[PDB]
Amino acid sequence: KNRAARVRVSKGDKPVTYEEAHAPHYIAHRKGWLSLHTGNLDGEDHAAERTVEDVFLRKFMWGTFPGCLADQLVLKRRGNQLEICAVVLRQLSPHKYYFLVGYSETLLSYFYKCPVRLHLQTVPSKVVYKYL
Amino acid sequence: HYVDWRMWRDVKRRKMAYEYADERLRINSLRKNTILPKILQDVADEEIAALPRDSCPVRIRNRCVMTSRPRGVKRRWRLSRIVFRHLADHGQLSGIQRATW
Amino acid sequence: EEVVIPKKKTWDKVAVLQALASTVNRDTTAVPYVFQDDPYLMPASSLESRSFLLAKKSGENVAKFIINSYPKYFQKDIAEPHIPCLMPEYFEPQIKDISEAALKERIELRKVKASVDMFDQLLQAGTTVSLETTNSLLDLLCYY
Amino acid sequence: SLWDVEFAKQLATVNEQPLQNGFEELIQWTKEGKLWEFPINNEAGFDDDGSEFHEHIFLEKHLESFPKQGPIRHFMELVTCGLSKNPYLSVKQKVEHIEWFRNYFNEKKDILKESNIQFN
Amino acid sequence: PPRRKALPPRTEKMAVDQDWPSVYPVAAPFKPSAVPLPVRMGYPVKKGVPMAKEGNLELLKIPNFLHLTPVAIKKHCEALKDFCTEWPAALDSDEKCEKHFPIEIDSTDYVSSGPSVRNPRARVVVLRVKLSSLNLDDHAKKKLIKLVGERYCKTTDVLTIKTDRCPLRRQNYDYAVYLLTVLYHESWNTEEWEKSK
Amino acid sequence: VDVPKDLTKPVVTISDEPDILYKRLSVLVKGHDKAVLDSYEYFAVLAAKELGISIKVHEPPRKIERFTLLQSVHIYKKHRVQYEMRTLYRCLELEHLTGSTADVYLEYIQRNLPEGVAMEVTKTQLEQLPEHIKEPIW
Amino acid sequence: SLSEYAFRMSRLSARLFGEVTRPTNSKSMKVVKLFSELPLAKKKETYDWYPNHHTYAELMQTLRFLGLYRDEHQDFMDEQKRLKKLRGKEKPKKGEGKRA
Ligand SMILES: [Mg+2]
Ligand SMILES: [Mg+2]
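Residue numbers (the deposited numbering), protein chains in the order written: chain AC, 36 to 167; chain AK, 28 to 128; chain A4, 55 to 198; chain AY, 276 to 395; chain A1, 47 to 243; chain AH, 52 to 189; chain AZ, 3 to 102.
Fair warning: there could be bad hints in the mix.
The following residues of chain AC were derived to be distant from chain AZ, with all beta-carbon distances above 12 Å [claimed, not checked]:
id	residue
1	60
2	64
3	80
4	124
5	138
6	139
7	158
8	159
9	160
10	164
11	165
12	167
Capping the alpha-carbon separation at 25 Å, the derived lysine-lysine pairs in DSS-like fashion look like this [claimed, not checked]:
id	chain 1	residue 1	chain 2	residue 2
13	AY	306	AH	100
14	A1	51	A1	99
15	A1	145	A4	61
Treat the hints as calculated values from the structure; they're not laboratory data. Each residue gets a CB set at the ideal place from its N, CA and C atoms; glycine is no exception.
Working from the sequences, and respecting the hints, build out all of it.
Here it is in structure tokens:
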């Protein structure tokens with residue numbers, strides 16, 4: 036039996052979100068993609084470069100915001116601009132959020148030579164789609 | 028800080044192949060024609076053989092840039108099949124979905 | 055028959071953006087644009103507003119300090135056309151030779167202590183110093 | 276002068292206000308060069324030293340040292356034709372290839388003398 | 047003291063009659079605290095309802111057209127109308143356009159995403175001209191057709207020249223014009239070896 | 052009440068050179084979402100109608116690129132997992148516009164182009180015969 | 003195969019459009035082919051194949067030492083190494099040959 040990115044059943048007290056509860060065969064049927072770019076299009080290029088950038092950005096954000104991210108990240112590219120959208124918690128103080136946001140945006144912009152803009156949506160707790 | 032010594036050697040081969048690349052092109056141009064005298068072509072053959080081994084472009088292998096897997100790698104994304112499937116199933120690859128028809 | 059070709063109008067590279075900006079108007083319910091648009095992240099008072107901006111500026115300074123301290127991690131151009139601002143910053147006297155040209159370099163870099171010490175060493179060496187360079191050094195010392 | 280530069284900075288400071296909207300941020304990015312200049316040209320910021328089509332293509336002017344007759348001329352005609360058809364190379368490197376062939380033939384003139392060929 | 051409490055969403059402060067283009071000036075990620083729309087997205091669970099906009103990652107994963115409302119589009123076009131000229135009235139039909147401008151130039155610009163914008167496909171220049179417009183007699187017409195070969199389509203009586211050797215689009219355009227000029231001049235020119243036809 | 056009293060309109064300067072004439076502009080947008088393309092098409096059509104540009108929109112046939120990979124990590128060649136990438140095309144052809152109008156329209160649509168959508172714009176520039184080709188001097 | 007008029011017309015066309023004037027053979031045409039395209043080694047895909055793992059590792063290592071990046075994997079490795087040292091299994095130093 037397949038076990039690719041599937042959250043298996045449990046006692047029933049395990050909370051899951053919409054993204055992690057849906058199996059990969061539901062992609063483009065019930066849930067969309069976590070990253071949008073023109074690399075994976077007919078005639079376009081730099082698909083490998085976008086993939087490497089996306090992987091590094093997700094790891095960088097995960098380590099830069101420990102215990103903050105609730106769900107996955109939404110990465111968008113429009114021309115030269117890069118948009119990183121994250122759903123975070125509210126445990127940390129706003130001063131720490133603003134300090135990290137300014138530091139992360141500046142560091143990523145200089146590293147990837149493109150304007151990087153970070154947007155945060157704070158939630159009281161991790162949203163539970165269902166209990167598996 | 029690369030994945031393994033095999034990847035490190037491949038990087039060195041790519042660097043040494045990027046260097047001496049124009050020199051190989053110029054010498055091989057002499058070797059790949061019948062207009063030039065045969066003695067000059069043989070000298071060009073000796074020169075290109077005396078060139079460093081790692082500068083040969085056929086010693087470069089398209090390994091995975093995540094797990095250093097020498098085979099099962101898609102060239103468009105430069106990823107091994109297992110890493111590519113893992114990212115695709117998670118949904119981190121744009122415009123990639125399961126094929127059903 | 056003759057066709058009348060209209061003259062080519064010209065505008066600045068930001069003229070369209072300025073026109074689009076003029077279309078929209080100031081909104082009242084919104085907070086200042088510098089802050090986030092999240093209910094938890096939006097400032098509540100003026101003191102919170104100032105503190106959040108200072109924290110964000112502090113983060114930018116920390117990021118800039120890291121970039122300047124470790125330029126080698128960001129020396130990889132991947133953007134075309136080149137973006138000079140998004141590059142590592144260098145503020146060091148690369149030319150270590152004791153000469154007028156390197157002294158002028160330190161004057162441009164605004165290294166007051168290095169420039170005056172180098173000027174003293176140059177004077178002790180006996181090599182001539184241009185009047186313009188001396189005046190430039192005085193301007194740097196007077197301001198700092 | 277330095278004082279005038281600082282005076283200009285002070286004038287910028289008193290005329291400087293925090294960004295008020297996304298359009299202003301895009302305008303600032305465009306002026307700073309961080310953002311592209313729409314419409315997209317796909318060639319902005321790239322000039323091959325202002326060279327023209329005749330300089331890029333017609334490279335026969337660089338074969339003056341090379342003999343105009345013989346197998347060497349035939350080989351160089353092939354090389355120049357390939358360089359002219361190449362779109363990924365600049366004029367500087369195209370000449371550099373010709374310079375390398377001229378130097379190589381000069382070094383190997385003795386072999387050419389054996390094969391009854393004269394270079395330069 | 048208790049943890050900092052998030053303020054109520056500003057949609058409450060927003061009124062029914064509002065300048066929505068001002069609320070969403072540019073393209074921005076979806077914000078439930080700023081969008082006064084009770085939009086739900088997500089596949090419902092058994093005896094369930096689609097997830098609310100708060101914390102809905104699926105809504106965030108949609109490129110929103112809030113900044114492109116019809117009112118905003120009309121206002122933006124009205125401001126940008128000052129930047130546009132008027133097409134000539136005499137060139138009413140394509141026949142008149144062909145009559146006054148026999149030469150047509152085709153080039154392609156590509157819009158991509160990423161730090162780099164360079165694209166080698168932007169150097170291709172296509173020049174189309176009908177040989178009927180060109181001042182060609184019998185000898186020049188026949189010689190030009192033989193020289194160009196497959197570059198000329200007899201059914202459309204159109205000569206098409208594609209230039210991609212030059213690195214720059216302007217250089218390709220200059221080379222294309224130069225090729226057309228030399229082809230025309232050489233076609234009109236008569237050579238002695240042509241007598242052996 | 053707190054509205055700006057005066058607004059500084061962007062400066063538009065008319066040069067002395069004739070504007071470039073474009074016979075037809077073919078704007079082809081590639082994407083993975085048909086609804087996004089439909090929304091972008093409606094936005095582009097509305098903008099063209101407001102600016103008075105004649106525009107025709109049609110849907111080129113879609114392309115699907117499929118490939119297969121091993122389902123497992125070892126000794127399971129028989130079982131495969133198949134992936135695909137769907138590229139949907141939408142072509143908007145605008146005719147009888149000048150260079151200035153085309154430049155403004157392109158800049159407006161490109162800035163409003165959503166993420167994950169590629170645009171290819173094909174030009175059709177009208178030109179006269181060159182001076183050298185006017186008459187057979189040779 | 004072709005008449006003299008056709009041959010000279012074809013040669014004139016080759017001169018006009020930039021092709022090789024002389025009647026070369028297939029082997030000799032490789033000289034034109036080699037210089038008409040970038041070498042595979044010189045292509046950007048070849049040398050810029052791997053990302054700079056030295057940069058992507060040292061930069062994160064510097065950030066972690068500066069207290070701006072938390073690595074769960076590195077914390078796991080450090081904790082396991084500390085526990086092994088407490089248990090007794092410590093890494094032998096270079097030049098300390100247990101078997102020697
Ligand atoms: Mg099975
Ligand atoms: Mg191999």
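Regarding the assertion that residue 164 (chain AC) does not contact chain AZ, is the least Cβ-Cβ distance greater than 12 Å? holds, 25 Å
Assertion that residue 159 (chain AC) lies outside the chain AZ interface [Cβ separation over 12 Å]: Correct as stated: the minimum Cβ-Cβ distance to chain AZ is 23 Å, above 12 Å.
Determine whether the non-interface label on residue 138 (chain AC) survives the test: each CB of chain AZ must be over 12 Å from its CB. violated, 7 Å
Grab the minimum beta-carbon distance between residue 158 (chain AC) and chain AZ and tell me whether it stays above 12 Å. holds, 21 Å
Claimed clearance of chain AZ by residue 64 (chain AC), with the beta carbon kept past 12 Å: Holds, since 33 Å exceeds 12 Å.
Does the alpha-carbon distance linking residue 51 (chain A1) and residue 99 (chain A1) stay inside the 25 Å limit? holds, 20 Å
Is it the case that residue 167 (chain AC) keeps its Cβ farther than 12 Å from each residue Cβ in chain AZ? holds, 24 Å
Does residue 165 (chain AC) really sit off the interface, with its C-beta more than 12 Å from all C-beta atoms of chain AZ? holds, 27 Å
Please settle this one: residue 60 (chain AC) was flagged as non-interface, so is its CB more than 12 Å from every CB on chain AZ? holds, 30 Å
For the pair we were handed, residue 306 (chain AY) and residue 100 (chain AH), check the Cα-Cα distance against 25 Å. violated, 31 Å
Any Cβ of chain AZ at or closer than 12 Å to residue 80 (chain AC), or is the non-interface label fine? Answer for residue 80 (chain AC): violated, closest chain AZ Cβ roughly 9 Å.
Residue 160 (chain AC) and chain AZ, when compared Cβ to Cβ, separated by more than 12 Å: Non-interface label stands for residue 160 (chain AC): nearest chain AZ Cβ at 21 Å, farther than 12 Å.
The structure is inconsistent with the numbered hints 3, 5, 6, 13, although it conforms to all the rest.
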